[PDB]
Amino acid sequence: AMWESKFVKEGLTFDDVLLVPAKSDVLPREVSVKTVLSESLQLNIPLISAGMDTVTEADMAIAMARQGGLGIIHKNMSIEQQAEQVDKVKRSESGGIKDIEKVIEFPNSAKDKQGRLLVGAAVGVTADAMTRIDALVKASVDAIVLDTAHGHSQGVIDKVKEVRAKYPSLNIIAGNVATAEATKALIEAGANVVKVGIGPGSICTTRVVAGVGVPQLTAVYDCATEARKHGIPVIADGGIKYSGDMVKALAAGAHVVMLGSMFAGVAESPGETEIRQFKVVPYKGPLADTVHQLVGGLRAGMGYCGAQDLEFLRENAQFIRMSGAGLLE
């Protein structure tokens, strides 16, 4: 019964487990932190910036792709401004080799068919949704995220199916889900990238009010096991304590983790600067100065596990559970 087999089911967070070290002939220099989400969406680092208005504008989106990651423009702005941001990220020096100057010192840039760097944009389910997407695709966007707090509402699985039949070339990133059965629902709907983030962090703290949610580690693990039957990558929204948890997330079966908070202090994020230092997280600095901490930490984490790439990381991953007594320290 669905009233008998419920209670015993156990959940798990990132902090509750540790990755078991392996015989490593692999070094952080050698390791590959690249993941393929699509032909269009070829990332060189497993990171995406959230589509938050306090996280990613055009100033922020460019910085991510310059490194090799991905920027998701926020939907909390007029389409005119929104459609411009995407193409502004697309027009910086993107789509041409003419500016070798920009090619000269951003080694691991992630790019599309035209050699343009990759940018994504958030699209709401608010009633005039398609018009907000027609401007972005024609702004040559590479991806859009149809996400709500109702991240698995029929309406949010609706405007996914209403787009795939409409658009051949658009990569639909869907979310958020918490279960493997909810992963399939998005994928069958027309989702080539699935996002896991129900009660991920404080982004949708419905645990205290709605009382709903699934522990992120298991949420990442379960969904990834289902999305692999279609070769579809998953996005690890929230749950991350530090970059050591990136190592735990990318081993559960994830291709990319997406972050918001860690971008609250960088200069490329929206927020009037002030010399003490705070925006309108106080300050963090250049995005290039924060990224290598995330990457370096992941490099050694898989250099510890003998993972050359992110694929072998998942196939040959074993965890070990910590007791609830002395885990905080």
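Numbering follows the first chain given and starts at 1. By rigid core we mean the largest C-alpha set that fits within 1.5 Å across both forms. Compared with the form deposited in another entry:
In the overlay on the core between the two forms, a shift of 2 Å or more in CA position is seen for a single residue of 204, 257, 72, 187, which is 204. Core-superposed comparison between the two forms: the C-alpha position of residue 152 differs by no less than 2 Å.
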Second form
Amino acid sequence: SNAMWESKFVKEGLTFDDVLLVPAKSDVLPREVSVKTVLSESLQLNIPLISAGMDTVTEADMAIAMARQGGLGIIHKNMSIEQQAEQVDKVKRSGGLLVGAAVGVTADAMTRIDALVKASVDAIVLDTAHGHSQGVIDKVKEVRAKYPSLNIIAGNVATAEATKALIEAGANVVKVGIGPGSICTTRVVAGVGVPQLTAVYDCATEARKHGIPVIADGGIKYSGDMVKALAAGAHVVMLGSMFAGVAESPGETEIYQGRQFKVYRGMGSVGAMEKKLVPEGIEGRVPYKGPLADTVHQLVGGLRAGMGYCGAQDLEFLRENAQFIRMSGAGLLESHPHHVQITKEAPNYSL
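What would the structure be for the form deposited in another entry, rather than the form deposited in one PDB entry?
FYI, this one's just the chain on its own, none of its partners or other molecules.
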């Protein structure tokens, strides 16, 4: 059987910069469109934005800000169970907001989940590097079996086989993304990954047939990518780098060459793990952006504008009807502003 040998290089992948959204007939202004989205009856959002579960991205103050903006925050797991449980309770006491918490496939996973459920968390996030693993699937089964009503976000995966496997396991929402992270080196050190736009589209295609929403995680640098991700089949996107510079992100502002910066690093980086192994991430920094409200406004505003061009009144019409168009690298250069000295920065370009 040469089926496997003769099909090693057949597949093709696309990402955000390979593609443009084709404008269609619009009977709706950007301010008129609806950006609401539903993961489940117990989990509904006013904006399709979820902050990443990372030690440099989301804690108590970040989750409260995201929820009050209409989004969701996933509290990272690089803390004790008691700490994460009382961080969830802190967010819930802050006005009955929505909040999530990250959990890993370990031995104390169910022990941590108990406290999170005891803290009345809305959704736990089973975060692993390879979501198509047997341990992950088996772990999801244990959770659903004990908590039939609890929202379970399982990831990360990048194929249809993996999405189906987790859906049958019992996951309500499937997080998609192997490699596209701004601080990720998984595709560099392991040589493993799938281009994000193709990944989201492939995983959605399977998940769309189960009534299962998918999360576009990592890879988004501009507002336009979020629109591309949602139109590719995603119900909601997850951001790390664009939320790291935000004031409400966990961290103290440092100074580099006079400017204000915030520490942003991978969970698979050396620094994050220590708090010798082979890292699948790096340690870096992003400019301080101020309050979250300004970043959200630029992001959501870009989505509204994008939905307006496609004639999409709401997010579902976008997924069902939006058409992309492929372009070369030369098209990307035309897409970006070109051949002009940039006097000053825009609040949506670069960040």
